[PDB]
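Only one chain is given next, in structure tokens, and it is the form deposited without the ligand.
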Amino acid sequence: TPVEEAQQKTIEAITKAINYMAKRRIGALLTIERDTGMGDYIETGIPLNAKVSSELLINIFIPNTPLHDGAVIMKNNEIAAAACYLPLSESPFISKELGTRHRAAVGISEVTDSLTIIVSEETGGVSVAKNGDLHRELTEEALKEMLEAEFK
């Protein structure tokens, strides 16, 4: 359908951006709203309401730029805002090997049904936070499967 094709385009854009950032070890934090509304978190960031593209996602997260710290939040197949605040998890089961981006991703995942992707600035490793759990060191195939499961 037109909307199934739009979803696949968004998945491709996300995975291309994530792959680029993983290769360069560019830290990134990208939350995808699901059924739990995240307007309160969107409002803490810089409003964009932009078309998704791999290029825009990459440009947002470039180190030492205005938009690179904080989360991108996507809603209805658009980038709602960048540089957003997310609540830090207080879970005692998050390794101290991991950074603030990962604790923020886990945190938002504890209070929403959203899917958050994280790229580590230390290793380029890619992880996903969902339902309070953090899935580490994801392959490209695994990330794609998660996104397809989430967008279905």
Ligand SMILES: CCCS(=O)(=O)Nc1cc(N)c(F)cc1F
Contents of the next structure:
2 protein chains.
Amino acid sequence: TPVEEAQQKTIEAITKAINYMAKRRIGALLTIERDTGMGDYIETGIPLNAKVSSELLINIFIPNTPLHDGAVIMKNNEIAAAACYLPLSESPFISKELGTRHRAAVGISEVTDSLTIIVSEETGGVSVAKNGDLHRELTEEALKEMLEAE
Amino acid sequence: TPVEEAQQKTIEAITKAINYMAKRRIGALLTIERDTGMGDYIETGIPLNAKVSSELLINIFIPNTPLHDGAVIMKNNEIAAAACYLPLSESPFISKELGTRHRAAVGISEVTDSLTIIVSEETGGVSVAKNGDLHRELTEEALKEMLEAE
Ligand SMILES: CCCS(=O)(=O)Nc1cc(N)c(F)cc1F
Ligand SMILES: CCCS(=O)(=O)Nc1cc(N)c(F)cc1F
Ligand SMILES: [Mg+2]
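What would the structure be for the form solved in complex with the ligand, rather than the form deposited without the ligand?
Once more the chain from above appears, this time first in line as the rest of the complex follows.
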């Protein structure tokens, strides 16, 4: 269907961007809104309401640029805003070597049903936060499976 | 009116981005559609259909990124597409030392009523192409006035 074809295009764009940033160890934080509304967090960032593309996602997260610090939040198959604030988790069960990007992802996942993707600037490792847990060191296939499952 | 205020915000976003890129010698090519529709050229680029911000404009043109080569085409208060193709002018009134961004800007200005802004990556100079003419070495004040008059 058209809806299915658009979902797969968006998944492909995300995974291509994430792979590029993982290879270059570009830190990234990308939250996909689901049933719990995230308008309060969207409003803390720079409005985009942009079509998704791997190119735009990459350009957003380039280090030392206006938009790279904070979360991209996606909603209704668009990039709603960039450089958004997310609440930092206080969970004592996050790996102790991880920093604020991962704690922000876990934090939003504790109070929403969203799915957040994180790329580590230290290692290029890819992780996903959902339901208060962080799933670390994901392969490309594993991230794809999570996006399709979501 | 709201239209008038939106125009003012868009002009403020453009001038802030251009000023930042000029200071850093970040090459840029930004075409503002007016009454001649530019769909043919928009369709050659990556679709964004994004709300304008100085932050997004800057992020687009950062060197060695997916979106930085080619033109951004704006429609009113939106960035329609990035990395767009524009025709190259053969005009003999383009300074011989100038490269493809300036020739593309003059080229589109010969077949549309659009206004195109160019930042030189060699000098940081700011120029505008309109109606087949290139006006170089613009001050911040002159650029803002040209945009307001447009
Ligand atoms: C612009 C970065 C915001 S963030 O990525 O979501 N991290 C972050 C989030 C919060 N709430 C904070 F107090 C401090 C932070 F560094
Ligand atoms: C991606 C570059 C597109 S451009 O900025 O409009 N420059 C350009 C434009 C045309 N038409 C060309 F044949 C070669 C070019 F380099
Ligand atoms: Mg002069």
